[PDB]
Amino acid sequence: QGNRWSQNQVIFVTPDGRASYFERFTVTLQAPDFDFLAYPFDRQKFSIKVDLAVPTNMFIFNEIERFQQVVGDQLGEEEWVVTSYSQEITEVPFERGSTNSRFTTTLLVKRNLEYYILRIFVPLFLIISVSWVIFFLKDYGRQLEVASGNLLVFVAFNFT
Amino acid sequence: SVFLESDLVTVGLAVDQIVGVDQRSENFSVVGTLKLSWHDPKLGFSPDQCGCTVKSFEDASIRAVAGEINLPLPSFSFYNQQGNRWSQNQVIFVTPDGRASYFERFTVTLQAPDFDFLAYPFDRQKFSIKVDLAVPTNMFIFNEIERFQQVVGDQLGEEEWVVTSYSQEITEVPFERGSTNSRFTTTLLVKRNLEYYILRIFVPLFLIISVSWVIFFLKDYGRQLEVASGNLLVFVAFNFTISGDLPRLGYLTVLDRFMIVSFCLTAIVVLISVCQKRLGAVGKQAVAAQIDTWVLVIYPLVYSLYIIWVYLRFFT
Amino acid sequence: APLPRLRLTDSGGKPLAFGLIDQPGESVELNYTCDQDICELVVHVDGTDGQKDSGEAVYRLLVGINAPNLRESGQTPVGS
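Chains E, D and C, in that order, are what the protein sequence lines are.
In the entry's author numbering, each residue carries its 1-based index in the first sequence increased by 402.
In the entry's author numbering, each residue carries its 1-based index in the second sequence increased by 321.
In the entry's author numbering, each residue carries its 1-based index in the third sequence increased by 241.
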């Protein structure tokens, strides 16, 4: 989506004819397969697809090289936690017939559950318990007043 | 010397102003100045063919000048640069003896994957600026560090981030197509303004907790219940009022945990008030007084123990 | 103020002449003549004999073209 930012882009060749390409990139990718129905307990897949722009009879992916760790570790916590990853080479239909190679990297991610749990569900449970406990009283004016206050407290927490 | 010798380059960098920090995308932007100097007899010329003592190139990068004059020059790049870089006063000028120098004023945004906001707002961060030569070490290498100005500059007014110390170092890192390239690193150690957070958050929170605590001296439990119900709403109002200074990072910090604990205790106060009201209704006021004494004794101890635990688990 | 040094060089820095201290040693003088088709000259005046911070030394410089009578000019600065 949009332009791609690239750094350290270089191509170098040896007299025998061995050539290699290197690039450091920052890119934005469309993900039409997202599904947030089970939010915040949803799980998502991050797929990165690289397609050759030439027919398979000219060039084709043959091997996968692991020059570094596929998923890198960084200091501090993250919003998304990677559970597993995979890499695969396949073939996809190409314009003007024939076929082109595709290299796909897939990441399985999930959210931080403790954040949502501790930040949302415990206070909501406490508010519900406050609304439930008032029925032991036999003075119904106090019960009505506390219920009226607790409804406003619930609304305040909801917008908070 | 029988063997060829690498060309020696002198480098220096100064920081003028930190203009922004992004805590969700983990990047920051800085404004500063960069200077390079080296000596190369292949760049020498004769004055009588131009009638001048200085030959200069303007508004061009080192790569462009090298391509135009067809000679190797020590090009460089920022390692964690995000997007394009804004440059001003870019000039390269050479003396007849072969002494050349580079000057630039830059504004750049750098990625900082090492950010850690677990101890917010008591966190301390490192701002690293890395300059790498785009040539193998056998052609050019950093040799000396020049201090043309103060590394960290002073500006009028207060700043959100305060620089405590700085350092500069020259190292070697692996390079593409083998060999090695030089790296020049400038590191800034920074911290936040503590008085702002303390006075804006913690004192009002302490006062609200004190209001919720002091009501247990009353023996009219209806008033206690009403005041507790009002104080819970006051606490919620203050919490969302200060929500503006609560970054949304997707994970918990110290402040969020403290707010959650305070809210839970405030709700437990209302629950205990309801229980005491019912007990007084049934005719067991002695048990209610005993509960009042127990709560008055226990609550500050719980708060102190939680603070000690947080300090142990986050600051040692 | 102490007497500074005087020398004459072209636009490339090639030296052409140096100042001469007169017997009444209160001034320094210089002379040169043109041989090439086009000559561009630069006049150097410096008092960096050492590192003393003398302060606000001030000097008067008189220069002329085709005017050998600069010792006693008489007329106010004429020409271009």
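Rather than coming from a laboratory, the hints here were simulated on the basis of the structure.
Each hint should be verified, as a subset may be incorrect.
List time: in silico DSSO-like cross-link candidates among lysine-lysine, alpha-carbon distance up to 27 Å [as the list claims (entries may be wrong)]:
| no. | chain 1 | residue 1 | chain 2 | residue 2 |
| --- | --- | --- | --- | --- |
| 1 | D | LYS363 | C | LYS293 |
| 2 | D | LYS447 | D | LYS356 |
| 3 | E | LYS447 | E | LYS540 |
| 4 | D | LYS376 | E | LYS540 |
| 5 | D | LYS540 | D | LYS451 |
| 6 | D | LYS447 | D | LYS540 |
| 7 | D | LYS376 | D | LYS447 |
| 8 | D | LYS512 | D | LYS540 |
| 9 | D | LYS376 | C | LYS293 |
| 10 | E | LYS512 | E | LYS451 |
| 11 | D | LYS605 | E | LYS540 |
| 12 | D | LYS363 | D | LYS447 |
Going down the list of hints, with the structure as the test:
Using a Cα cut-off of 27 Å, the hinted pair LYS363(D) and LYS293(C) is violated, with the two alpha carbons roughly 39 Å apart. The suggested pairing of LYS447(D) with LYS356(D) holds, with an alpha-carbon distance near 23 Å, which does not exceed 27 Å. Pair hint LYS447(E) plus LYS540(E) does not hold up; C-alpha atoms about 55 Å apart against a cutoff of 27 Å. Distance hint between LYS376(D) and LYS540(E) is unfulfilled; the C-alpha atoms sit about 97 Å from each other, more than 27 Å.
Proximity of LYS540(D) to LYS451(D) is assessed by CA-CA distance (about 67 Å); at most 27 Å being required, the pair is judged violated. Only pairs whose Cα atoms come within 27 Å are accepted, and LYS447(D) paired with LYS540(D) is rejected, the gap being roughly 55 Å. Note on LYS376(D) and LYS447(D): the hinted pairing is violated, with a Cα-Cα distance of about 40 Å set against a maximum of 27 Å. A C-alpha spacing of about 48 Å is found between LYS512(D) and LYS540(D), which places the hinted pair above 27 Å, so the restraint is violated.
Note on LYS376(D) and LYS293(C): the hinted pairing is violated, with a Cα-Cα distance of about 33 Å set against a maximum of 27 Å. Annotation: proposed proximity of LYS512(E) to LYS451(E) holds, straight-line Cα distance about 21 Å (limit 27 Å). For the hint linking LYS605(D) to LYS540(E), the alpha-carbon distance of about 15 Å falls within 27 Å, and the restraint holds. Proximity of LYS363(D) to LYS447(D) is assessed by CA-CA distance (about 41 Å); at most 27 Å being required, the pair is judged violated.
Checked against the numbered hints given earlier, the structure breaks hints 1, 3, 4, 5, 6, 7, 8, 9 and 12 and satisfies all the rest.
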